[PDB]
Structures are given as structure tokens and as C-alpha cells.
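> Spelled out, the chains give:
Protein chains: 2
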Amino acid sequence: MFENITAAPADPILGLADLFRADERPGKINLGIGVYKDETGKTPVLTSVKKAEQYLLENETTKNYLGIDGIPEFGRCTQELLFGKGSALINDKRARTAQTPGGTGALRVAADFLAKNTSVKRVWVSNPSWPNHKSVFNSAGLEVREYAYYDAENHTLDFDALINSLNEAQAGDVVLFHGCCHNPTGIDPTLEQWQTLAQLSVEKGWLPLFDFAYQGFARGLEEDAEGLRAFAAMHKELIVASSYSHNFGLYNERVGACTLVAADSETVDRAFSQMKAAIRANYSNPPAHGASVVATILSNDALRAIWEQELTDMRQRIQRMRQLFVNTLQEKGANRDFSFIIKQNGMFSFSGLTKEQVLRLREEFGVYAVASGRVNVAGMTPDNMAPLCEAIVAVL
Amino acid sequence: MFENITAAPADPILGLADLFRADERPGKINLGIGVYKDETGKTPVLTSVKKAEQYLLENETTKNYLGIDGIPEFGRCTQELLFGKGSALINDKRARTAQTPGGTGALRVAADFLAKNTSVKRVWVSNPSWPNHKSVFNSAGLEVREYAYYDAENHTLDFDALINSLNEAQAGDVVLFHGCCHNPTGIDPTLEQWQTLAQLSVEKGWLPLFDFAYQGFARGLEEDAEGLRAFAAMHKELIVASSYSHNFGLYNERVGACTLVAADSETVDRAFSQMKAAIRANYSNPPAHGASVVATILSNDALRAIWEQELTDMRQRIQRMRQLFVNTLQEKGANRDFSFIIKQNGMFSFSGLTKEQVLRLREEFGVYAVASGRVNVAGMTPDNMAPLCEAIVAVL
Ligand SMILES: Cc1ncc(COP(=O)(O)O)c(CN)c1O
Ligand SMILES: Cc1ncc(COP(=O)(O)O)c(CN)c1O
Ligand SMILES: O=C(O)CCC(=O)C(=O)O
Ligand SMILES: O=C(O)CCC(=O)C(=O)O
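Protein chains in written order, with the authors' numbering: chain B, 5 to 64, 66 to 126, 129, 133 to 152, 154 to 231, 233 to 405, 407 to 409; chain A, 5 to 64, 66 to 126, 129, 133 to 152, 154 to 231, 233 to 405, 407 to 409.
So that you can see chain B by itself, here it is in the shape it has in the complex:
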């Protein structure tokens, strides 16, 4: 049966890792990683996470199954984190959260729910987006279309081409919005633009799906949800899929959630049971550890405190490196204005380099970036900053 199964293409993001590890050159740099990396070059376990993991070690009495929607205050706490604490959505009981294996697992869970319980046939995702988006939606048997977004010339969001491609895009189509720290461009709508997209979204009849994977990495935990919150103000129905893998350093524990808001209570409950049904045939019920650690930190004011500073330090380290990258570049001879690097959010940026410049940097130097020119600013440390910039300058 398996005789004539063909190989499957290497993942754009994942496969570069092997190439790196395995190239075993000297002062080599990996900017193709999708993970935060501190000044030393490692991805530690947040102190507050470690603290919550001792608390659970001492206090857990059973490892019995969670419900299909997981841990209730994990639920609550992400609802308030997304929609703010006094949200009508929460008071009116219009949203329901299911604990999922990561943000990817929430995307997929949203995908089978829509694919089997609704008339959606198509999901619009930006050009560019995170590659694994086309795949979770195609594996559910949904057509993924692309709207415009980024300007390769001006290094920006060109809103005009974005809104124009989102014309027609028929009523009852799913439009996917990255809520902040757009992977890969790091370019995000302004609060005027989000408001426009919200207004246009109810006029046109689209179903928005926020992919929220980096809350807290742009300008702060509440400011990063203004977007989601402008849309939630004007819609009846909405779907949010978030991941605690970046802001909690909880990557391999698979933590995320798929929130459903519906027009009213009765409906979010009718619709969430069919969401439960999808989970029940996908992985049955969610992994407890990481979401226990996430709910213990967010509910204890001391641990939440520490965590917020840990998030804050991660956010400012990345802001430090965006600044120092355009400066160290300007200094070493950079031929081009790279100041757009500072306008952008979260960990990633399109450096504005050619597929052939990117291979120049891998083959001749140690610099490893994704062939799209995406560089992860988290991998730059004040230590590798000068060699790296010298390599980028040598290929410009």
C-alpha cells in the first residue's frame, strides 16, 4: 500500500533548521528560527512557568482526563485576555473557548468545524502569510485564496491593494486576520485601518478569523488586541485562534485556544457542541500541563506580575535589536535605508533581500534566513550583530 507513496515537500520553515545544524561552520547565525532567543542565544523556561510547574507538581492529585474544551479558568482567563475584562461578549456569554494543542491545533479545529458545520468553502489569507496556514485549511478541504497586503517597494501595508483584493470575496467567506505581529512582514493595520476593515467586514458579510499567536509582542498585551476588539465590537460572529507558545515560552507543551463568539448564548452553545464534536474525533481532549501552567500564572497576581515583566523584557529585547540592527547596518556601510525595520512588530521582518542574496548569506557566510528574506530579530544578539551586518552589507 505504501510502495508508491511519494516523498512530501520539505517545509519552508522547518527544513532550513536541518541545513543549519548540519552545515557545521564557525560563527554561523540562524535567523530562520521561529522561536524567541535571548541575549545568550537560548530559549529558556520562563521563571514564572517554572514556578507554576512546582506548584502543580506538589498539588496534582490525578491525571484524569480533561473535558473536550479543557480547563475552565484557562478558558476564562484567555477570554478576558482577548476581549478585555468587562467585555459584553463575556458578560452576555457570547463567546466559548476550547483548549487546543497550540494555535495550529485551534486553526485546524476551526477548519473542521467550519468545513463540516457551515457553508464556508473558502478562506482568504494574506500574501504573504505563515505557510502552514494554506495547509491546515486545505487539509480540512477548504479553498484558500490570497488577498494583497505588503508593498515590496515601500515596505508597508498597502491598504488599497488589500481592500481591493478583498472585493467581491463573497458573503460567507472566511477572511483570516493576523491580530498582531504579522508573520512574516511584521507590518500591521493601524487602529484606523482595523476599524475600516471592521466596517467593511460587516457591510460585505465576511466571517473574520483572528490568528492571534504573539499577543504581547507588539506594543503590550491590551494594545495588541485593539484590533480584535474593534472587530468584536461590530460583529455577531467571530473566531479567534490564539497560542500561548510565544508569550509564555511554552512552545513544546502545545498551548492555545479556539474561541467562538456567536450572536447570543444559545447559539454559541449549539455551535460549540459541534466544535466539541470535531475535537472529540481529532485528539479527544486537550493536554493539561501547559494550559495548567498558563491558568495558574494568569490567576495568581504574584505570578502574573512576574510573567508580565518576563513578557516585557522579551518585547523590549526585540525592540532593542530592531534599533541596533538598522544602526549597526548604517554604520558598516549599508547602502540602503533599512529604517522600516523599526516600524515593524514582534519577532520577524522581511529584510528586503533577494532569493539569491539569501543564498549568498548561507553559502559564503554563516547567515541563515528563510528564502523569503524573513529574518527573526530574536536571533540577533549584540554579540552577533556586527558580523551579521557585515555579511548583509557584503551582498547588498
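Hints may contain errors.
Since the list can't tell identical chains apart, any single copy or any two copies may satisfy a pair.
Stated by the list, open to error - Here are the simulated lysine to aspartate or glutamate pairs, DMTMM-like style, with alpha carbons at most 20 Å apart: (1) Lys98 <-> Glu7; (2) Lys54 <-> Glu64; (3) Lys215 <-> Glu7; (4) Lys90 <-> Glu368; (5) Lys121 <-> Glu154.
Hints were generated in silico from the structure; no laboratory data involved.
Could you slot chain A with the ligands onto chain B? The hints should help.
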């Protein structure tokens, strides 16, 4: 879009739980659970698990992502656990394991890989079987067909009708075999019968898919795999989906594996990359905690030692209760021979009770069973043994 979404039916297994919790009667009993329960009535955390969870608390330096296939020695260790240590399958490098979110996550992962990379259109499952089987295969777009298995008259495996229904069942159809502790009947093929099914399996051209959820709960960790191992002797290709949820008491950490054995190395590698691709669009990579605990136990001869005794105790507790349930029944005045309860394995048995006897038990008494008459023997304690049997005897 969600306005006119319909309710989704209550799960056969899960929905009874609520009915119980919420009935708030006195000395009520719940045998409709699907989790082990010790003498006191609770589902503890195995000591060896807890020991391994401290070890990781101290030693984990990062929570960075796992590969898509998860932890290598988690992989290796389940390969030797399934196929024994000197297996040719292992030595020839014909098997590949991917760490999944539970046994259900391995079933579903098998289902999408087969559905999208193969010619399978159909998976044969026993009558009866675990209800969530029809659904993980149906959610991947596969036809599930049922073969015969159990004799309601004689409380056994009638092999003749099982083999006759598995006739025709076209070449390249997937057949699902429960490796031991057949849920719900507890009836399992003898090693002469497994050898028959193995022989007939290569004559006919079926693709066997073993669901292995309870290894070690029948007669012992290797004896429970002779079956799988007789089929693995004679096949080129085979798929095993196993779960560490019952034998490690690691239910809510989602621990399980999807092993793929192909005719040779190169094909298991070609095929496994498409299995990796299946995962990569489902939940992206697996939850580290529970399978770190299972790799650390199984690799440390001291902790593995303790763990094996803990499994042995759970096994003998269940064997104790099967004996004492038919005894206490004979003594309390049981009108019927229930000796067959002792022939069966692992936590479940069909008590041989009517839907209307099972509702007498719930409505009148505190006894809660699944409407199929499935009772979970782990839910019986020497303490509730007499009131329970008194109720069963009252409805006989
Ligand atoms: C835009 C986007 N959406 C979802 C995810 C998934 O997150 P997770 O690893 O938590 O599944 C990522 C992470 N890579 C992402 O970048
Ligand atoms: C036959 C069978 N297969 C799979 C499973 C599921 O295992 P898990 O809970 O690890 O998904 C069970 C028990 N739930 C089962 O009885
Ligand atoms: O490594 C992973 O599993 C996903 C990370 C990623 O694709 C990214 O952040 O770009
Ligand atoms: O997967 C679960 O949560 C329950 C499994 C079960 O009820 C059973 O095996 O009978």
C-alpha cells in the same frame, strides 16, 4: 453563519458522566467511566510518574519545540515495547513512530495519512467497538464497515462469524484489530486465533491497523503484544496506534504513538514524511510533558521497575474484582451464571444486561452503566461490591 447549526448528539461514553455527577443520590456507583479507579475510588498519579515529573522540573532548560514525530527515545522505547527488543522490524529499520496526542490522536493521524496518501476507502471495525472509532475514521472521509465478533448468547468471540464477515472485504481495505482488552467486550482472540487472522490477513491482502490502548492490563506487557507480534511476523506493512493513557495513568497529558511499519527502510521513510505532513497541518508537533515522563520512566531501570509494579498492581486489582464480582453475585442470589466475567480482560465487560435493566439500575439504584451493559470493573471496590451486586440481582 452559525444561526442554524444543529446540536450534535451526546457522546455514548462521555454524556453519562454528567448524568451521574448531577444526580446527587447517596451510595451511587459509576461503572460507566473509562478510567482506572483504585480501592479508595480515585485515579492517582503513579508514583513513578511523579518521580519523573520532579526529574524534569529540575532538568528542563527549554521548552522549545519538538520535531513533528516528537521525542526520539519516546519513539524507540515504544518500538521495543510493541515489537520486543530484538525485533527484525527494529533492526532492519522498517518501523517509524510519531508521538501523537493520545491513542485517539494516533488513530486520527493514521486516518488522514491513509485518506490522503493511499487508496483506502474503508476500514473494518468490530461489532461492537469503542464508539469514537467510527468518528475518527469518518472525520477523515473513510467508510467504516463492521465485522462480527461477539456472541450475546455465549458471551464469547465467535470466530466463525468474525471470519465470514471479513470475507470479500476487498484487498487494500484497512482492518482494525484491538491488540488486547477489547473495549467493550473484554473478549480477545487466542494466540491460535491471532495466528489465523494473521495468515488470512496476507492471503486476502488487508492492511491491519492495531489499536493498542491497554498494553499490560490483560496478562502482562509482552503477552499482550503476542497478537500484534504474530501479525508483524507475517506482514510487510502494518500500522499501530498505542496509548500510554491507561498503563501510565497519564490520561490528561495526551500520550500515544502512531507507528508505521513498511516493507523496508526507504519506504517507511517516504511514507512517514507524508505522515509528518499530516501532523504538521493538524497540531504541528506533539505535547512534550507526558511523553517526557514516559521516556524517562522507560529508560531508567529503577523507575521502570517501580512503574512495572504499579502496572501489575492495577492489573491484579482488576483481576481481583472480576473474581469477587462473580462470587459476590453468586452469593447474593444471582440467578445467572456470570462466570464469563473472569474469562475477559482489562477494565471492561458487557454485563449481559438489557437497556431496560441498565435504566432500572440507574433510576432505582445508584448503579451507572453505559446503555450497552458495559461495566468498568475498575470502578468496583471491595466496599461497593455488595450494594452493587444487590442491585444487579434485583433487576435480573
Ligand atoms: C501566524 C501564526 N499562527 C499560528 C502559529 C502556531 O502556533 P503554535 O506553534 O502555537 O501552534 C504560529 C506559530 N508559528 C504563527 O506564526
Ligand atoms: C480501543 C481504544 N482506542 C483508543 C482509545 C483512546 O486512547 P486515548 O485516551 O489515549 O486517546 C481507547 C480508550 N480511550 C480505546 O479503548
Ligand atoms: O517550528 C514550528 O513548529 C513553527 C514555528 C514557525 O513556523 C514560525 O514561527 O515561523
Ligand atoms: O477518551 C475518553 O475520554 C474516554 C474513553 C472511554 O470512555 C472508554 O474507553 O470507554
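> Run through the hints listed earlier and report the numbers of any the structure violates, in increasing order.
4
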